[PDB]
Amino acid sequence: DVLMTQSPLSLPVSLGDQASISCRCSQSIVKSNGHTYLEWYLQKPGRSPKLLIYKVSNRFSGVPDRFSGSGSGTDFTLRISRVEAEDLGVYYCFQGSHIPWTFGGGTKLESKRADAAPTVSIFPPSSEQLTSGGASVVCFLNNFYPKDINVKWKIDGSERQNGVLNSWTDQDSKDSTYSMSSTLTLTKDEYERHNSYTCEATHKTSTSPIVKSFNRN
Amino acid sequence: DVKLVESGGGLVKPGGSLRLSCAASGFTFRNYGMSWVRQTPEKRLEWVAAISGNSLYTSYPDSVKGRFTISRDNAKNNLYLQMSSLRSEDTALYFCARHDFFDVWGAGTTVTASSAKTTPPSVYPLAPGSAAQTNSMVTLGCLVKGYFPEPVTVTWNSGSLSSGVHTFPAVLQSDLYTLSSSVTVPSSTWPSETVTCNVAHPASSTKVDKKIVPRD
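Heads up: the sequence lines are chains L and H, in that order. When the letters of the first sequence are read in order and numbered with the deposited numbering, they come out as residues 1 to 217. When the letters of the second sequence are read in order and numbered with the deposited numbering, they come out as residues 1 to 100, 109 to 224.
Worth flagging that the hints you see were computed from the coordinates, not collected in a lab. Among the hints, a few may not be true.
Examples of chain H residues toward chain L, derived with CB under 7 Å [as the list claims (entries may be wrong)]:
#, residue
1, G16
2, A23
3, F27
4, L45
5, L56
6, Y57
7, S59
8, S190
Note that CB positions come from ideal geometry on N, CA and C, so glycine has one too.
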């Protein structure tokens, strides 16, 4: 198998700037007929992949001039001169030169915007979840930038890293922010043994730690 | 309008069988090679099987050889993928794609191979911690817990409340999924105007509507 390796994994770009994505192959993708069937696909979330470039350098019908491909040996490059919002998504390289046909792992093209502090909301376990013997504490950190944010839970002032599940949305199309959900799941008994539950939002240099708390009473 | 429409994706127990279909339109079907390409939950794309326009020639990666069989009914404009002795490694979104290196893709159909049991979700309301706070906007939520398989569908006020919502990807914790959804509204409109999350889980044939009420 030709292994296809893409870099970078993610690429934040300002709208209207240049982007370039690299794709390396573990071996020659020159087919015996002399041609190199290196393709680029764009996959937007909710959608299926779309063909942009075929045979290293040829723009597929309808694809704007801002997309171009280069490369030859084991290294291939897609450049986008002047990225627009419609260009955002996951780019995959693909070789159709040798069976089995193989894809690169994808490169996520993202828009840059001004840094935005999250809106933080904390929620106690509902009464309904307690009747069933469970207790999840839910924290929303909504509409922030950049993607990498640090969430810390504290129980009565002591950090808890263990029973927590985080999930991140795809970059918002309208405002270019990310949102995150953080869930601390505990048993009802464990929950009833403690009082202060706190969800904390930070970077690592951000001098604004946003703390939200409740006391169960 | 050139179209590929996949169907037949379902939940199968490991060792089980499934046949997927792919209906084509807008082109002379028998004139084109076709493939199946799966996308994993980690979002890797993997080419799975190819067949010639005339049906006579097929190929497979070694990882699916002898388990999967590609075929087509040209008279019916249908491509098929017969999957047998399935394992969890085969869990993926399965795309139908046309050879020009695939210039046309379907929307895909989901296959999940798992010994984990079909389970309806528990839906819990997330109303603000009892203290009345504070600014122009109030964030509410619904917690959708312990279902299997994916997907679930979450709406707010039957879909009439669409702006200001974040529905998060589910996370798998030992055989079961948990997802949450937030909605933010003007602080003046709640609780005076009802906010209800509607959760559908087709696999279990369940719908749950949970009106968000202030807590006491």
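Hints versus structure:
Against a cut-off of 7 Å between C-beta atoms, the interface hint on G16 of chain H is violated, since the closest Cβ of chain L lies about 25 Å away. The interface hint given for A23 of chain H is broken, as the beta carbon of that residue sits about 15 Å from the closest beta carbon of chain L, more than 7 Å. Hint status for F27 of chain H: violated, given a least beta-carbon distance of 15 Å to chain L, over 7 Å. Hint status for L45 of chain H: holds, given a least beta-carbon distance of 4 Å to chain L, under 7 Å.
The restraint placing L56 of chain H at the interface with chain L is violated, with a minimum CB-CB distance near 16 Å, outside the 7 Å limit. For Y57 of chain H, the shortest C-beta to C-beta distance to chain L is roughly 12 Å, which exceeds 7 Å, and the interface hint is violated. At its closest, the beta carbon of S59 of chain H sits 6 Å from a beta carbon of chain L; the interface hint therefore holds under the 7 Å criterion. Satisfaction of the interface hint for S190 of chain H is found here, the shortest Cβ-Cβ separation to chain L being roughly 5 Å, below the 7 Å cut-off.
The structure fails to meet hints 1, 2, 3, 5, 6 from the earlier list, while all remaining hints are met.
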